[PDB]
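Using the sequences and the accompanying hints, generate a full structural model.
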Amino acid sequence: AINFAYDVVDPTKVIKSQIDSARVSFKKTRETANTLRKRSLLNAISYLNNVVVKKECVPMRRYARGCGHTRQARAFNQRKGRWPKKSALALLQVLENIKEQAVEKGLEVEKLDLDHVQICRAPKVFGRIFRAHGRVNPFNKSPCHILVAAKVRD
Amino acid sequence: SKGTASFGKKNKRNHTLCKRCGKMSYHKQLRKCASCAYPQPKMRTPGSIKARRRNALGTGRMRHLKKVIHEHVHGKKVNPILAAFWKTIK
Amino acid sequence: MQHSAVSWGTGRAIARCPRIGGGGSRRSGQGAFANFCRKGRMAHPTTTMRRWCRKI
Amino acid sequence: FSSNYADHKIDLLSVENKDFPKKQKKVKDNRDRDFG
RNA sequence: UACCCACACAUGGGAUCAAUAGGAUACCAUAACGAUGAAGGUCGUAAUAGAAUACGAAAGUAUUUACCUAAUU
RNA sequence: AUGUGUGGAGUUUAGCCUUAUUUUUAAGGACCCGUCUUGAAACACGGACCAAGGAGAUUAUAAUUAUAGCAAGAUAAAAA
RNA sequence: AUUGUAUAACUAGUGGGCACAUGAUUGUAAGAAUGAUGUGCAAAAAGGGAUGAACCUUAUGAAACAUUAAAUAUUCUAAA
RNA sequence: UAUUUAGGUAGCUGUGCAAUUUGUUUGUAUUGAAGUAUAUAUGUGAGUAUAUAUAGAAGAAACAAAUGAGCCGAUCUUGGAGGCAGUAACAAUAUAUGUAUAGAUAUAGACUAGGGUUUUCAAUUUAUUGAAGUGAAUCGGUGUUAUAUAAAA
RNA sequence: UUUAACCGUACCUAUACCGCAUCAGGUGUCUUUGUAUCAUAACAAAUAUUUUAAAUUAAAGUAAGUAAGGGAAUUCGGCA
RNA sequence: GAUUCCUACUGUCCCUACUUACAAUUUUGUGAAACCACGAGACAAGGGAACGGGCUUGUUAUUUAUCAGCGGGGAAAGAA
Ligand SMILES: [Mg+2]
Ligand SMILES: [Mg+2]
Ligand SMILES: [Mg+2]
Ligand SMILES: [Mg+2]
Ligand SMILES: [Mg+2]
Ligand SMILES: [Mg+2]
Ligand SMILES: [Mg+2]
Ligand SMILES: [Mg+2]
Ligand SMILES: [Mg+2]
Ligand SMILES: [Mg+2]
Ligand SMILES: [Mg+2]
Ligand SMILES: [Mg+2]
Ligand SMILES: [Mg+2]
Ligand SMILES: [Mg+2]
Ligand SMILES: [Mg+2]
Ligand SMILES: [Mg+2]
Ligand SMILES: [Mg+2]
Ligand SMILES: [Mg+2]
Ligand SMILES: [Mg+2]
Ligand SMILES: [Mg+2]
Ligand SMILES: [Mg+2]
Ligand SMILES: [Mg+2]
Ligand SMILES: [Mg+2]
Ligand SMILES: [Mg+2]
Ligand SMILES: [Mg+2]
Ligand SMILES: [Mg+2]
Ligand SMILES: [Mg+2]
Ligand SMILES: [Mg+2]
Ligand SMILES: [Mg+2]
Ligand SMILES: [Mg+2]
Ligand SMILES: [Mg+2]
Ligand SMILES: [Mg+2]
Ligand SMILES: [Mg+2]
Ligand SMILES: [Mg+2]
Ligand SMILES: [Mg+2]
Ligand SMILES: [Mg+2]
Ligand SMILES: [Mg+2]
Ligand SMILES: [Mg+2]
Ligand SMILES: [Zn+2]
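Residue numbers (this note's numbering), protein chains in the order written: chain A, 1 to 154; chain B, 1 to 90; chain C, 1 to 56; chain D, 1 to 36.
Hints are computed from structural coordinates only; laboratory data are not their basis. Check before you lean on any hint, since a few could be wrong.
As the list claims (entries may be wrong) - Derived DEER-like restraints, expressed as beta-carbon distance ranges:
(1) D:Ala-6 <-> A:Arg-74: 30 to 36 Å
(2) B:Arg-54 <-> C:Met-42: 54 to 60 Å
(3) A:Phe-130 <-> B:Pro-46: 37 to 43 Å
To be verified - Each computed SDA-like pair below joins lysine to any residue, with the alpha-carbon atoms no more than 20 Å apart:
(4) A:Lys-141 <-> D:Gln-24
(5) D:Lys-26 <-> C:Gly-22
(6) D:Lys-22 <-> C:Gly-24
(7) A:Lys-151 <-> A:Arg-39
(8) D:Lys-25 <-> A:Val-125
(9) D:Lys-26 <-> C:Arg-38
(10) D:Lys-26 <-> C:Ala-13
(11) A:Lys-105 <-> D:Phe-1
(12) D:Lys-23 <-> A:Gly-134
(13) B:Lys-50 <-> C:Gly-11
(14) D:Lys-22 <-> C:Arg-26
(15) B:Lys-23 <-> B:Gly-47
(16) D:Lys-28 <-> C:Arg-38
(17) A:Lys-124 <-> A:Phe-139
(18) D:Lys-22 <-> A:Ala-122
(19) D:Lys-9 <-> A:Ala-122
(20) D:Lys-26 <-> A:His-133
(21) A:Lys-151 <-> D:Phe-1
(22) D:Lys-28 <-> C:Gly-24
(23) D:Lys-23 <-> A:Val-125
(24) D:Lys-25 <-> A:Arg-131
(25) D:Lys-22 <-> A:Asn-97
(26) D:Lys-25 <-> C:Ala-13
(27) A:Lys-16 <-> D:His-8
(28) D:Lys-28 <-> A:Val-136
(29) D:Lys-18 <-> A:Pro-123
(30) A:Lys-27 <-> D:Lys-9
(31) A:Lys-85 <-> D:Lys-9
(32) D:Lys-22 <-> A:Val-125
(33) D:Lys-25 <-> C:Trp-8
(34) A:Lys-124 <-> D:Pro-21
(35) A:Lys-85 <-> D:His-8
(36) A:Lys-85 <-> D:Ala-6
(37) A:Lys-27 <-> A:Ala-122
(38) D:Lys-28 <-> C:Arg-16
(39) D:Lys-9 <-> A:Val-94
(40) A:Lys-151 <-> A:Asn-97
Ideal Cβ positions, reconstructed from N, Cα and C, are used throughout, including at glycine.
Pasting the structure below:
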């Protein structure tokens, strides 16, 4: 029951969807979703399938220390790029669910646009490891919340 | 070695159950309990101050002393067949 | 003052205050027997020796 | 608004052993300028 | 694009304030165990039973009281 | 300790004090606090960050100062 | 020259010091060691010696205006 | 009527602000008390007063009293969460149709000590729940002793 | 011959034991096929497990090979 | 076991060169630790607690915000 930080001016023609505490790493889904805003919904699903088959890359901007250079990141005027698998499959499941509510409410699929995309941190899940000389160190992981809203064009 | 290589050789068990106390502290070669000292009649004095808390009088069931306290406050109900008989004693 | 703690000493990159010995739980290794320790007794404990009445 | 069924969703089984792995012991038990 | 600042809205965590079938101290009464088998322990009994709690083959609501136990042909 | 949206500066210099409607700049001043030490910004020690906790109180016996009741006398000793 | 002088009672900190000017003892000599008289830093602001615990002018609440001391007047930097 | 006095480490004395509880007097509150977050005024200063949003049940002032009575530090105690950093360190056999055709690494199987349902099956995804399963005159113990408590070889 | 009482009979031998662990360590006894002119070493049977990133191109590492002519001149020492 | 000399032998050396595998360089998945007064660019001389990253006079860097190496310094980290 995470609330949205989106301010809705028209209650009709706004579609929201949500996944809470997904089991994907936080720093990698933040890197993929930075360029999804102000796009058509049809261009987004075509773009995310090219990341899985390694034909388009993701430009690392915030957390980017130690990433290999490539030539596919010239489209963003960048010099770093990577292709995360598991982060793209979690975002693809959200965009299909938006497409199903549009045909149930009878809206037109081509006219939609992505408007509000934010993710945030989540409570941890703890773990363990056993190192040399008999010492024990933590081995925990960090999930995230995913929030996406779609709006029709004018 | 003294460390990891010698902990594989520990597969012999020395202490077993006791009859009187119920702990696993009865030596099978020395033939003596390490907590209650079983073959002696009197029980062993405990080792510390906290050890008197763990098995004192009153943490058990008190199958008899619950009755004896209850006849102190309220009177004892008598059997009428037994009450008539005791008056016929010399 | 119920426990049986003792200081470990120097040479371990740790403070001097008395530590709970033993093992096997989250409790073992914590401080005790001081007024600035959690679940420790306070310095200068109150008592019933205090004068309760005055004389006029 | 609404959450859906997914294979990347959380589990209630993992939360049981997670708090079990969160309680242990925190602390446990040729030099410089050498001459004879 | 990254780095910095200002404002508005959402995550993370359990501090502050208010409550309370819990504790601490002083005083008054009692000061009742056991071979007629004590204190303590092990195993069993619920129509669908695990923890806790009560109870002994008469067993999960005025009598009975399984086996060790001072345990005693 | 982080996320989203809007607005603003520059790439040659963090934060602070004084004076100025050229206040996301200009001119002057200005080494990091606590502590032993004749002497610390020191190539002397402690301190990565927030919340809550944390150290001259009590008793007996003496003495000086201030105050109250009675005064050649003064007093709630145990008890009734 | 001084409007007071004199007398009692109670109680804290300190007992590792260093520097400048004048003059000495030991030592080849030392930012070395140890005594004598005065004033300082320790515990003392602002201005000047580019910078410096002790050198030179100089007595202490918050400000504004005029006059000097120590030191300076090609430029950084107020002033032939 | 300071035309005279005013710096200050160790140290001594005076006037004042903050917190919890007790006796007496005065007063507030469901058209909204205590807490918290932003502004404004006021005090040399410890601090105080008011305004707006949120929340939902009790709190303030004066004259006197009792102290467990005011933190940046102690390699201080307990909890929560950073940078370094998605960095070190570990895991990654072939087939257009397959309950098969091939490749690759490792000798294998029984009694005792230790473990105790991990056994088998069904349903749902080295997990969770529920049923079923151990049959002895001739296989072990129970027997004798090791020169006043001893053998599963 | 309603004669032969009482207790244990599932499963694991190392990813079902002990070393805080699905740890290159440790742990009593026995059995095990074929070629192998002393044997050893080695290979094959038997039985049990196992699914999908790139590559003629770095430097410096951990292992294994080869070297014209000279033959201890290297070095504390023919250490390797 | 400790020490010296002859014969054979050799990349120990003159003086180094070439080939292969595994880690490393490139991709996906699981995902830590030591350390941290502030570190916002680096030097020459000065004085100073007599060997400054910061103080005083001088000389100076800058690729859209990188990637892979290296061991001069941080009187580098461990242990009152
Ligand atoms: Mg790298
Ligand atoms: Mg490891
Ligand atoms: Mg170990
Ligand atoms: Mg042995
Ligand atoms: Mg023995
Ligand atoms: Mg306590
Ligand atoms: Mg300056
Ligand atoms: Mg000194
Ligand atoms: Mg120095
Ligand atoms: Mg040092
Ligand atoms: Mg430190
Ligand atoms: Mg506090
Ligand atoms: Mg001093
Ligand atoms: Mg001065
Ligand atoms: Mg000079
Ligand atoms: Mg001029
Ligand atoms: Mg003063
Ligand atoms: Mg206190
Ligand atoms: Mg604090
Ligand atoms: Mg302090
Ligand atoms: Mg901590
Ligand atoms: Mg690997
Ligand atoms: Mg099972
Ligand atoms: Mg069987
Ligand atoms: Mg069997
Ligand atoms: Mg074995
Ligand atoms: Mg093993
Ligand atoms: Mg290569
Ligand atoms: Mg050769
Ligand atoms: Mg040759
Ligand atoms: Mg030679
Ligand atoms: Mg030579
Ligand atoms: Mg050799
Ligand atoms: Mg490789
Ligand atoms: Mg320099
Ligand atoms: Mg010098
Ligand atoms: Mg680098
Ligand atoms: Mg020392
Ligand atoms: Zn016993």
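Hints and how they fare:
1. D:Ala-6 <-> A:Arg-74: 30 to 36 Å: At roughly 35 Å between Cβ atoms, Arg-74 of chain A and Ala-6 of chain D fall inside 30 to 36 Å, so the hint holds.
2. B:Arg-54 <-> C:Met-42: 54 to 60 Å: 28 Å, violated
3. A:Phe-130 <-> B:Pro-46: 37 to 43 Å: Distance hint for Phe-130 of chain A, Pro-46 of chain B holds at roughly 38 Å.
4. A:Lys-141 <-> D:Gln-24: 19 Å, holds
5. D:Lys-26 <-> C:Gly-22: 13 Å, holds
6. D:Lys-22 <-> C:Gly-24: The hint holds at about 14 Å.
7. A:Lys-151 <-> A:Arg-39: Holds. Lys-151 of chain A to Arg-39 of chain A sits at ~11 Å (cutoff 20 Å).
8. D:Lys-25 <-> A:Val-125: 19 Å, holds
9. D:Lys-26 <-> C:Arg-38: Answer holds: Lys-26 of chain D to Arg-38 of chain C is near 16 Å, not above 20 Å.
10. D:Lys-26 <-> C:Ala-13: OK: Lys-26 of chain D and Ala-13 of chain C at ~14 Å, within 20 Å.
11. A:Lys-105 <-> D:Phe-1: Distance ~15 Å between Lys-105 of chain A and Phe-1 of chain D Cα, so the pair holds.
12. D:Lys-23 <-> A:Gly-134: 17 Å, holds
13. B:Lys-50 <-> C:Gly-11: With a Cα-Cα distance of about 32 Å, the restraint between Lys-50 of chain B and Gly-11 of chain C is violated, given a limit of 20 Å.
14. D:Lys-22 <-> C:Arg-26: With Cα atoms ~10 Å apart, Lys-22 of chain D and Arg-26 of chain C stay inside 20 Å; holds.
15. B:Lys-23 <-> B:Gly-47: 15 Å, holds
16. D:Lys-28 <-> C:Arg-38: 19 Å, holds
17. A:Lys-124 <-> A:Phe-139: 11 Å, holds
18. D:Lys-22 <-> A:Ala-122: 17 Å, holds
19. D:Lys-9 <-> A:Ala-122: Judged against 20 Å, a Cα distance of about 13 Å means the pair holds.
20. D:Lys-26 <-> A:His-133: 16 Å, holds
21. A:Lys-151 <-> D:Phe-1: 14 Å, holds
22. D:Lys-28 <-> C:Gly-24: 10 Å, holds
23. D:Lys-23 <-> A:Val-125: 13 Å, holds
24. D:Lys-25 <-> A:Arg-131: Holds, at roughly 15 Å.
25. D:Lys-22 <-> A:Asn-97: 37 Å, violated
26. D:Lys-25 <-> C:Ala-13: It holds: about 16 Å lies between the C-alpha atoms, which stays within 20 Å.
27. A:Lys-16 <-> D:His-8: 19 Å, holds
28. D:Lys-28 <-> A:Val-136: Distance ~11 Å between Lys-28 of chain D and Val-136 of chain A Cα, so the pair holds.
29. D:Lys-18 <-> A:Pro-123: Holds. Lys-18 of chain D to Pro-123 of chain A sits at ~12 Å (cutoff 20 Å).
30. A:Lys-27 <-> D:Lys-9: 18 Å, holds
31. A:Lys-85 <-> D:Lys-9: 17 Å, holds
32. D:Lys-22 <-> A:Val-125: Holds, at roughly 10 Å.
33. D:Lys-25 <-> C:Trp-8: 16 Å, holds
34. A:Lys-124 <-> D:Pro-21: The hint holds at about 12 Å.
35. A:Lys-85 <-> D:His-8: 13 Å, holds
36. A:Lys-85 <-> D:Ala-6: 17 Å, holds
37. A:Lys-27 <-> A:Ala-122: Holds. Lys-27 of chain A to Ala-122 of chain A sits at ~12 Å (cutoff 20 Å).
38. D:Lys-28 <-> C:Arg-16: 14 Å, holds
39. D:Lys-9 <-> A:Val-94: Distance ~12 Å between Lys-9 of chain D and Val-94 of chain A Cα, so the pair holds.
40. A:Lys-151 <-> A:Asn-97: 14 Å, holds
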